[PDB]
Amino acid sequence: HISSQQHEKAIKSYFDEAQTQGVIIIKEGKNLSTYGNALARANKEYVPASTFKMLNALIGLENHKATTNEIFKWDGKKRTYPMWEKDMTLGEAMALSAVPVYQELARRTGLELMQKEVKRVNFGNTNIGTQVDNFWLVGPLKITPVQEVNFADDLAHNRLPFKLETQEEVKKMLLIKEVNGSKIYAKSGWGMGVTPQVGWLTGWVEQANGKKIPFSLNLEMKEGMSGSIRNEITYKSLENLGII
């Protein structure tokens, strides 16, 4: 079998090849393993950016601000991406990472309730500030890569403080890949309105035997880098380690 030294070298190279700095944290049962080319990122705070959609969806569904089939209508105004100029359910919006639909959901929850639920769940630094519709994009909400893989571990195992049914509905929103009997559930995140920019892919692998292996990738995104590098490094890392 392959040495630690070699796994670590391989996964560090994935980051080096992308000309970025990043970490990926894997959790197995209770044990966290940190890999990549900038390990000290593991316990630094960054904005969650679209990572926070997993929790905004939980809070909105639990608090009856939406249902899993409600169609959020496009209001007709020009959007950053053409693929967002359409009507969609929270699940469609999770996959397209459609920030406008999730800003509407935040605004239905409202500042006061949003701040209470973010506190109740203990996400990151728990601080949402005064602006209900952009706190996960530009601050002040922040979360370390450790707290993210721990958040994915809780979601994955249904340990967040929400109805089981709420958690199952949100996890169904997150299936992003199947590869050999393994299912990968994750949400990406790119905070562009912060400097330096932060990229995330947080989730877990469900192996064919039902075991769940949570992960959070966290890297510096750079002007002109592609978004699928978060995916590419993540899948290379998980396959290097035999998780998929």
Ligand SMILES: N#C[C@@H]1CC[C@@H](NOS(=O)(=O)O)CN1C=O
The other form holds:
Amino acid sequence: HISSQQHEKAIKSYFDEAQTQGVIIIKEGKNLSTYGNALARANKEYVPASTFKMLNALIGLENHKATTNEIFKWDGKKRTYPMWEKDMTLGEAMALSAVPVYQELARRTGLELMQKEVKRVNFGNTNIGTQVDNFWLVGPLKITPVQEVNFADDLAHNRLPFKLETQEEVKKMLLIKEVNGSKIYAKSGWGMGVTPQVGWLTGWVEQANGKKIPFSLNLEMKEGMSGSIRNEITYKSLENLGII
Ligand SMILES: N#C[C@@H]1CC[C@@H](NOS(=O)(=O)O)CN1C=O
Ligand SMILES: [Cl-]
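Next up, the form solved in complex with the ligand in place of the form solved without the ligand?
All chains and molecules follow, beginning with the one already shown.
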């Protein structure tokens, strides 16, 4: 019996309180609902940043560039984060958002195959340009929050043009939370090498009954913000709406 006015006000306040500008798009069946404090972001293009790991992994697994058990060794060079200075599978690297592992995977795939596959899947503007190892971080690849939630809807329902097994393997890599019988599958993103910086959390809720509710959160990140604000705003929004 809560009014849509009150839901909208609540979710807007979550973005207002974090002192940023963002949107969260929720999909139920075929209907998109846009919430937040900057609704106009819904159809604007931003770099996907680490959300691209989802598709990079699909492409690599489908094209036999890696397996799910393969350990990508740390080369022993210093990394931005100490947590990345270790050997990891694709799944472990998904959870740690270990860019160097996904860069190696992109390089194995190669520019020609990567462009063909990104085009085939129709992801965002589909332009990867000439640099196979950073196109999702600094451009030219861009995508809208609407496109991101539709991608998540496709993956959640095994509708992407990949083998069922490929989709299931990558979805297993994306489980980030269980809340009162609901599972949240998602990938975060933070485009640090663009200005303004973009933050993402794109995924879906799998409810106890098997129903899947895709979402994409998209906001402006500032130097000094905590990455966990993406998760906190998302969980509060999903809870406010009764999705979890
Ligand atoms: N570089 C870079 C950015 C930010 C640091 C890494 N962590 O990714 S994130 O926490 O999911 O956004 C990987 N990455 C992806 O968006
Ligand atoms: Cl990445």
